[PDB]
Amino acid sequence: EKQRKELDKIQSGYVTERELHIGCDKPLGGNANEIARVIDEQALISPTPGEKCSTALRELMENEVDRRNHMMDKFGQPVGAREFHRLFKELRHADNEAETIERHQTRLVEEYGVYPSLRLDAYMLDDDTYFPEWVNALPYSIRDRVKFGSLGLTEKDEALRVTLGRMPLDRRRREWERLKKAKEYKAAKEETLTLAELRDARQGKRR
Amino acid sequence: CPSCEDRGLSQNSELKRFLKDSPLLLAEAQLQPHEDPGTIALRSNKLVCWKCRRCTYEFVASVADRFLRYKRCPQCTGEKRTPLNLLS
Amino acid sequence: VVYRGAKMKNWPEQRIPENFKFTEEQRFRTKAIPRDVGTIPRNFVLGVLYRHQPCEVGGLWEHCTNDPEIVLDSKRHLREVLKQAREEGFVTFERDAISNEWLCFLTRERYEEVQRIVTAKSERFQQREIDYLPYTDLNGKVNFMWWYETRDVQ
Amino acid sequence: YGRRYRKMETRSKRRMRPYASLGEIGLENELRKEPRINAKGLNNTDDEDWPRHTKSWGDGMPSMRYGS
Amino acid sequence: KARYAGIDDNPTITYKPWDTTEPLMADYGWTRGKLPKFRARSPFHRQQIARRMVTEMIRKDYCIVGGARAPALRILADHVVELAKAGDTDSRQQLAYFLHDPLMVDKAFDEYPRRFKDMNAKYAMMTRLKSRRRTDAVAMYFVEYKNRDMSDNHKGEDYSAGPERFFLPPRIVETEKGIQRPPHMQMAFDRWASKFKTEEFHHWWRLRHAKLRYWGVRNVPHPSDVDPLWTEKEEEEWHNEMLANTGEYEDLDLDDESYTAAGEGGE
Amino acid sequence: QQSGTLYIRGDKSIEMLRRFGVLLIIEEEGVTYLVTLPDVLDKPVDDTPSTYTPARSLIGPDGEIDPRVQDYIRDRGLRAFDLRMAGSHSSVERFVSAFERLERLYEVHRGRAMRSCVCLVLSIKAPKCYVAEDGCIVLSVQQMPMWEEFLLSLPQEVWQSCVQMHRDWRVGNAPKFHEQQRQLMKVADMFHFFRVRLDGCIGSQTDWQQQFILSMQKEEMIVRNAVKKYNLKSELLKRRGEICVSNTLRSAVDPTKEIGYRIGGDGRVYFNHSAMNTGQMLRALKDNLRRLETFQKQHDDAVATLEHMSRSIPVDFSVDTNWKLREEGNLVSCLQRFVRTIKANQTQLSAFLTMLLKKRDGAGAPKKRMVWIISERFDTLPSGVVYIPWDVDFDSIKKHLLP
Amino acid sequence: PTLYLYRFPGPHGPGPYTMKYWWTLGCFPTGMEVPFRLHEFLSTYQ
Amino acid sequence: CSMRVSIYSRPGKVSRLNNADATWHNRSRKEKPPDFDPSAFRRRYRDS
Amino acid sequence: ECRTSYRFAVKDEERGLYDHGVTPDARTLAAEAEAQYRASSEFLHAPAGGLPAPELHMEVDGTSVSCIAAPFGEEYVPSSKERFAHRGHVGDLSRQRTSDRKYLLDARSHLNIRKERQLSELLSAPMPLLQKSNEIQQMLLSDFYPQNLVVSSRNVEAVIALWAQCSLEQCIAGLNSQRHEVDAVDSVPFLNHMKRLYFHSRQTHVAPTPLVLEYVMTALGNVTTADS
Amino acid sequence: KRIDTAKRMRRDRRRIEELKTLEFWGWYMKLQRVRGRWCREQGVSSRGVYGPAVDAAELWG
RNA sequence: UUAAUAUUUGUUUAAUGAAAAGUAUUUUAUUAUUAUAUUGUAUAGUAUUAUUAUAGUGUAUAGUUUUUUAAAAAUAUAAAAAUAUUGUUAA
Ligand SMILES: [Zn+2]
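Chains as they are written, first to last, in the authors' numbering: chain A, 70 to 276; chain B, 273 to 282, 309 to 386; chain C, 19 to 141, 192 to 222; chain D, 415 to 482; chain E, 21 to 287; chain F, 153 to 555; chain G, 30 to 75; chain H, 50 to 97; chain I, 62 to 240, 254 to 302; chain J, 125 to 185.
Watch out, some of these pointers could steer you wrong.
To be verified - So, partial list: chain J residues that the calculated Cβ filter (under 7 Å) puts toward chain C:
id, residue
1, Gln156
2, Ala180
3, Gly185
As the list claims (entries may be wrong) - The calculated DSSO-like cross-link candidates involving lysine-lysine, where the alpha carbons are at most 27 Å apart (straight line), are:
id, chain 1, residue 1, chain 2, residue 2
4, A, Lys95, A, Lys74
5, J, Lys144, F, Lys370
6, H, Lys81, I, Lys163
7, F, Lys370, F, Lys390
8, B, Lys369, I, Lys193
9, E, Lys80, E, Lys21
10, E, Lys21, H, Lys79
11, B, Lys349, B, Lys318
12, J, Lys144, I, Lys72
13, A, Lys249, I, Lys163
14, F, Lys328, F, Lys370
15, E, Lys54, E, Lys105
16, F, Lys550, F, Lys510
17, E, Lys253, F, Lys390
18, C, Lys27, A, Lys71
19, E, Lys105, E, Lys80
20, J, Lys154, D, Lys469
21, I, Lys176, I, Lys193
Read the hints as simulated data drawn from the structure, not as lab findings.
A virtual CB, placed ideally from N, CA and C, is assigned to each residue, including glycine.
Using the sequences plus the hints, can you model the full thing?
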């Protein structure tokens with residue numbers, strides 16, 4: 070709709086009337102260049118439709134694991150010896166896992182200078198250049214948490230990461246810098262509570 | 273004390315281009331006499347034997363990593379794991 | 019002493035009548051095939067951009083046309099290669115304040131690599197036919213492998 | 415209460431929600447290989463989505479449910 | 021009641037032939053407007069079964085399936101042939117999404133246009149076999165593509181009986197023994213068959229037989245009684261048989277020609 | 153004394169070099185030697201220009217050797233470097249001086265200028281220092297004062313290229329080298345040989361190697377049909393056969409003169425891609441096939457007997473390459489005679505040899521396992537090597553070691 | 030305080046479901062029955 | 050008793066006790082580190 | 062090492078390597094294709110003078126036509142990064158592979174790590190409670206705040222613990238010493267300091283700690299009156 | 125000793141798996157190259173039964 | 001007799017929202033190597049792991065506690081809403 074409206078409002082020089090010819094082949098002449106400018110702008114600068122995703126989609130992605138855990142906890146047959154042992158092992162070594170991910174993170178930030186701000190920027194831009202080689206070689210159980218576990222992230226931030234990954238790279242960086250400035254201003258303004266946050270705190274609902 | 277000199281406890311500034319320009323690192327340096335007379339490029343990384351003032355422990359740390367980043371000795375910050383460093 | 023036509027081997031010349039007209043809802047549904055994205059087009063466009071930067075995309079197409087040795091199907095192919103460079107991080111789009119038009123700029127992160135590319139590339193009748201073939205990688209996404217056959221017709 | 419152990423075990427072990435379209439299975443394949451922020455995390459091997467027809471032994475051996 | 025597949029994305033200038041289906045997602049049911057739902061554990065399981073089944077069908081050109089799986093497989097093969105006749109980039113992306121093997125996707129999109137250029141509909145063919153599966157007493161159906169010998173990578177092949185081994189190429193009628201398969205398909209089939217001759221595979225096979233004997237299935241021989249499937253002498257003999265070829269080129273007479281040169285020692 | 157000082161200096165230098173992490177190879181016209189052994193099996197972990205690992209993960213005080221570095225060295229065919237056999241006193245002085253110069257050059261200014269995790273080669277017949285096609289930097293031992301200037305003028309782009317080539321070649325995974333060896337196995341299956349490998353390809357060009365691989369894959373059918381028609385499939389060669397191709401092959405009587413191929417007494421088949429054809433290599437294989445397997449069996453028996461002799465007698469054994477090349481297959485009988493003599497007089501050998509170690513009260517660099525090198529005649533060096541000929545007698549060896 | 034006998038011959042005599050074990054495993058699947066094959070030994074080896 | 054059932058000798062088949070084609074599957078797939086040797090540790094330490 | 066009578070032809074290390082089950086015509090076709098593609102890639106990387114190209118030249122059409130076969134799939138995409146292949150950002154993977162790392166190009170780290178280790182040394186310094194707290198506040202307001210340098214989570218936890226202990230002991234000391255237009259938040263000795271440090275930590279995006287928020291909650295609790 | 129042996133074996137296993145993955149990728153690329161050459165020889169364009177005219181029209185893509 | 005019955009229905013499959021061990025049995029076979037008394041062997045299964053003698057340069061193609069199929073009724077699943085009802089809080 071918007072493209073049709075603006076392209077019909079553009080009425081500088083329709084002498085050649087070869088819009089279809091220029092759409093199926095090269096241009097007609099260099100003088101009538103307004104249509105060419107508009108076409109190239111709407112083809113490159115204008116973003117692809119439907120690239121932005123909602124946080125409801127990212128929540129529904131993990132809704133599968135949520136439903137699986139709920140069904141298991143509701144209709145779970147008492148586990149056997151090996152399952153009991155695995156559960157006890159995990160419950161006992163959860164603290165060791167937290168300690169070792171903290172040690173990996175502090176070693177990284179002290180020997181390479183990759184601070185949590187840089188780690189969050191890498192998370193949003195979906196770039197692995199901010200991390201050394203051993204980061205991807207870390208154990209898979211902690212490879213995903215050692216990178217983006219310390220810094221705070223929301224479902225909205227994950228959806229924004231997906232939106233960035235879908236959008237082009239220059240637009241990635243520009244929108245990410247804009248959103249980073251916005252988040253810093255939000256952190257500066259977060260001294261007080263808004264009415265919605267007060268209502269949520271009184272109700273007990275956790276976003 | 274040497275530890276309180278780097279911070280502003282108690309305008310003009312100059313550039314330090316060698317180990318001799320920094321009087322703090324020159325004291326802890328246990329550099330070998332025959333290898334280098336103190337004309338070590340402070341920006342380049344080179345391994346020299348140090349000797350801390352507190353624990354008096356000898357170790358090997360880079361000159362560029364010692365000045366630019368203020369690396370602490372392994373015994374005073376918890377890597378050598380000596381009785382002075384052990385918790386028990 | 020001419021260099022005319024970097025066309026495709028299989029594609030024939032199409033005849034569109036003069037009174038042809040698209041519907042208001044059919045003209046915005048045209049899907050073009052993905053043009054070549056290869057090292058040859060990317061390096062040709064990088065060299066043209068290193069010669070002329072920053073410059074409007076129309077000026078870039080005019081410079082590519084003026085260049086004798088050109089490996090490009092059409093302005094659509096140039097737009098696709100520009101999209102690839104934009105996604106890879108070679109070119110960015112900045113909007114001027116006086117003209118309110120966008121402009122391609124070489125990324126200062128990759129300027130040295132662009133210089134090395136143009137140096138390694140720089141260190192009579194011609195006709196180049198482009199031939200493509202689709203395939204799918206191990207991940208399960210479609211992509212076209214391309215090649216160029218050159219010949220001197222007199 | 416009458417809930418069959420085997421059937422409830424299968425239902426709670428594996429998924430039931432069916433795909434809706436090929437574009438949707440493509441979007442799911444895109445959004446599946448995503449890192450866990452604070453979850454447990456699972457091994458994403460370099461051949462998880464690649465064709466296992468040559469990897470797994472039983473993907474080519476004679477089968478009765480598929481009839482050779 | 022409503023199918024969200026009707027919500028069209030990236031609409032083309034011309035309306036689709038189906039315009040309401042996926043068409044690969046079949047929406048299995050029991051009313052005549054839908055496909056016969058073969059018994060599964062969930063609709064997702066049914067879709068996975070259909071996906072693997074159509075993938076294997078495209079791979080080996082035939083599939084013997086029991087129960088209501090045959091009509092579903094036939095209709096899905098018809099839809100795949102329709103996608104191949106379309107030959108659009110979006111159609112290929114959809115088929116690569118739906119299938120397990122992108123190599124089989126490419127094989128289909130390469131061979132099916134020339135194969136079914138001269139056909140309108142009902143491309144596959146289902147034949148109910150009189151022999152039923154022993155474990156279930158369920159009828160079996162042989163589903164294969166019709167145009168086998170006119171244009172396809174498979175041509176002049178015999179399906180009346182299986183080969184000597186399940187990793188050997190299928191039988192070929194003596195009338196058309198001279199034809200050769202495409203090189204990429206041949207190399208892929210060889211890489212697939214090569215895994216059945218390793219020692220680790222036989223180790224895993226004996227372990228699986230031990231697990232079966234422990235579970236209690238009958239007539240399964242002991243792992244210490246099973247035999248290897250392809251020995252070194254059989255491999256050498258079959259390689260000699262396949263490599264024997266005196267066409268268009270003969271050997272160089274090294275003893276008769278002056279190829280030899282002055283070397284260091286030896287005689 | 154002075155030799156011992158040179159040896160300890162060289163050991164300190166190579167240890168500091170392996171702590172820095174670079175891979176040092178001395179390339180000669182005949183064969184290359186790996187001097188510095190860094191953590192090659194360790195996967196690259198950091199991209200920083202300066203890495204210092206004082207620990208030695210490959211060699212330990214308990215194991216003293218790793219079962220994987222042997223495979224890594226065999227897969228390239230590199231010989232073991234040793235200062236006591238390097239050569240004359242002036243030559244070993246030059247070598248240890250070059251080692252100390254390189255160590256000091258790294259130590260004074262190590263960093264982005266001279267990056268770590270790089271392969272350095274030392275060549276004698278090299279006009280000027282240049283970068284090889286593989287990615288390793290080769291330097292002429294004659295241009296000693298030019299090493300600093302060359303390494304400091306080498307740009308960061310070429311440094312990064314060399315680092316990348318050394319990381320994906322001969323280090324850790326090495327996928328390019330792995331695919332090259334895979335294609336080598338592919339052509340070796342056609343040749344019905346155990347392993348076909350390229351030698352001298354460390355500091356040389358890769359174009360001839362790639363052309364050889366592609367040409368063999370092109371003309372694979374010719375060799376297969378030829379071996380099928382002439383029954384060239386030998387079980388012993390297929391079980392253990394060694395083919396070694398090089399860019400050039402030099403003669404044993406005249407290094408300037410070049411030969412088409414080379415047949416050794418041990419069974420290896422040496423070819424040069426310069427004057428090799430699908431007919432020439434085929435004719436050589438057909439002429440030497442009924443002889444190479446016999447030579448391999450006899451050499452295997454001799455090497456097993458020598459291994460038993462090294463297990464019993466403390467002395468170590470080696471063979472002279474010059475004499476091995478000059479024998480041209482006749483070395484087998486001489487080696488068998490030497491083995492027979494040693495086996496007949498084995499019981500007294502260790503009893504007489506322990507007396508020397510017991511009577512040498514003070515030595516600059518003593519070793520319990522003194523080296524014996526099978527040669528044509530008697531020789532002697534100030535090292536712990538014997539240079540024992542093939543024709544031996546007990547009293548003769550006694551008087552040759554000590555009156 | 031109970032014993033488990035998987036498959037034992039009934040009151041009238043051993044059936045095929047137990048003779049299969051007798052010929053494959055070597056004895057009845059319970060182990061409480063001692064393998065006694067004197068008759069077939071006399072019929073074949075003697 | 051699977052060994053006595055299959056690998057052992059019977060009046061119908063020969064003994065497979067020493068038979069590589071019947072015993073090779075007994076080896077483990079995933080290799081395991083060697084067990085600690087107390088005699089070797091004693092001869093190595095040589096307590097004083 | 063092979064006691065078995067039979068032997069297995071292929072090994073686990075080689076599957077699809079020898080290609081024994083391939084027709085010789087297909088074998089030579091694959092070899093010719095690989096050679097043509099390698100020659101085309103080599104010419105593309107280093108253009109020869111005059112373009113001889115005898116291996117990739119074709120004379121079937123009757124005219125001099127040379128097919129420069131462009132390479133494809135040179136970049137490697139693992140299955141863990143299938144999302145980039147499905148989106149279409151293969152150039153992004155190319156850049157992330159051929160681009161220098163960010164920690165090698167960051168120069169503010171040389172200063173931030175130095176200041177962090179100096180803060181750790183100051184914490185380890187054995188000084189009295191109030192004097193050490195004042196010194197830490199001075200050093201912080203002098204060096205970190207005017208440059209928004211990243212502070213480590215454990216250092217923040219330790220300094221807030223010290224500030225809480227100092228606030229408690231100074232409240233006790235003021236009570237013992239006792240034995254207008256002043257805001258309620260000013261009664262606590264380090265309430266505003268803790269607040270500013272916690273907000274700076276939130277802005278610099280360092281993970282807070284349960285002990286951190288516990289000490290801040292106690293500093294909020296030990297307050298005279300109710301404040302919005 | 126146990127931990128050292130475990131590390132030494134796991135390093136080899138990891139490198140073997142990585143080499144297997146890389147070799148499989150290279151083999152699939154070789155397969156695509158061979159099928160492209162064969163399609164060039166046989167004159168089969170995998171763009172449907174229509175041909176090159178619809179592609180030149182590039183309406184549907 | 002109940003009984004043409006009730007509950008079950010398992011041979012690589014839709015492979016799994018996942019993968020680093022110890023201990024006690026059953027079963028045994030010509031392993032190699034360091035190379036000085038005796039003593040108990042390996043894989044494979046089975047049962048168990050709170051009450052510290054199992055957690056690290058980075059984890060076995062791991063799928064029997066995972067189970068077949070061309071109908072309605074009964075029953076189970078409200079994680080089976082694109083319903084409804086009630087109650088709580090908030091504008
Ligand atoms: Zn100290």
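(message) Just to be careful, I want the Cα atoms of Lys54 (chain E) and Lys105 (chain E) compared with a cutoff of 27 Å; is the pair within it?
(response) Holds. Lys54 (chain E) to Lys105 (chain E) sits at ~23 Å (cutoff 27 Å).
(message) Please verify whether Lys81 (chain H) and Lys163 (chain I) have alpha carbons no more than 27 Å apart.
(response) violated, 41 Å
(message) Next pair to validate is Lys27 (chain C) with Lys71 (chain A); report whether the Cα-Cα distance is within 27 Å.
(response) violated, 37 Å
(message) Run the distance test for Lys144 (chain J) versus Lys72 (chain I): straight-line Cα separation, threshold 27 Å.
(response) holds, 13 Å
(message) With the threshold set at 27 Å, check whether the alpha-carbon distance from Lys349 (chain B) to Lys318 (chain B) stays at or below it.
(response) holds, 16 Å
(message) Is the interface hint satisfied for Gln156 (chain J)? The criterion is a beta-carbon contact with chain C at less than 7 Å.
(response) OK, holds: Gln156 (chain J) within 7 Å of chain C, min 5 Å.
(message) Given the hinted pair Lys550 (chain F) and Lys510 (chain F), is their Cα-Cα distance within 27 Å?
(response) holds, 15 Å
(message) Tell me if the straight-line CA distance from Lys21 (chain E) to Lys79 (chain H) falls inside 27 Å.
(response) Roughly 53 Å separates the two Cα atoms, so the pair is violated.
(request) Would you mind confirming whether the straight-line C-alpha gap from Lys370 (chain F) to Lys390 (chain F) stays at or under 27 Å? (result) holds, 22 Å
(request) Mind checking the CB of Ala180 (chain J) against every CB in chain C and telling me if the closest is under 7 Å? (result) holds, 4 Å
(request) Starting from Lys249 (chain A), check that the Cα of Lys163 (chain I) is at most 27 Å away, please. (result) holds, 19 Å
(request) With chain C as the partner, please determine if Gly185 (chain J) meets the hint condition of a C-beta pair closer than 7 Å. (result) Holds, about 4 Å.
Hint violations for this structure: numbers 6, 9, 10 and 18, all remaining hints satisfied.
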